[PDB]
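In the form deposited in one PDB entry, a lone chain appears below as structure tokens.
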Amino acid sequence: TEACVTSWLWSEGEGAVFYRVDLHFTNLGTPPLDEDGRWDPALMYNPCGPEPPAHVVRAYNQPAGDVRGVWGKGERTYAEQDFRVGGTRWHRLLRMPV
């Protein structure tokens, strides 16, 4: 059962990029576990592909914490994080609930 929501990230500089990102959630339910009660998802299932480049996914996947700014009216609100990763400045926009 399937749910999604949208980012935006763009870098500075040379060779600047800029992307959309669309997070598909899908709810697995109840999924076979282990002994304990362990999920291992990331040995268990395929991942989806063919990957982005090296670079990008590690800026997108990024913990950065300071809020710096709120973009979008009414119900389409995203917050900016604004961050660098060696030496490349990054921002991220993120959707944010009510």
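In this text, rigid core is short for the largest set of C-alphas that superpose within 1.5 Å between two forms. Positions refer to the first chain, counted from 1. Compared with the form deposited in another entry:
Superposed on the rigid core, the two forms differ between the two forms by 2 Å or more at the C-alpha of one listed residue only; from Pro53, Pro41, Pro63, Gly29 that residue is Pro41.
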Given for the second form:
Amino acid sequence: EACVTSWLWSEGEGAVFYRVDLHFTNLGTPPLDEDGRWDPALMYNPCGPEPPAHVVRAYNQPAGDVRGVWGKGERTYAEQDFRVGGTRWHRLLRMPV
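Can I get the form deposited in another entry as well, since the one above is the form deposited in one PDB entry?
Below you will find a single chain and nothing else.
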């Protein structure tokens, strides 16, 4: 694996709390198919089933502002909070910067 973890949560009524595991795959060398040809699947074919749309939109939402960075040992995460629709969201992101 190449893997990092993020966290995401809502405020208010019906607040949700999600762990999200980001698995990275390098596309520099593609896999082979049964005929020995390069298989381009990993470059365009998305995984599924997807989580609820408001959760995906919340996690992927563009937001430039960082409320602050947390740290313990040599692990640093950044916390962001923002509104999508009428819901307030927080996400916590690995940030080795």
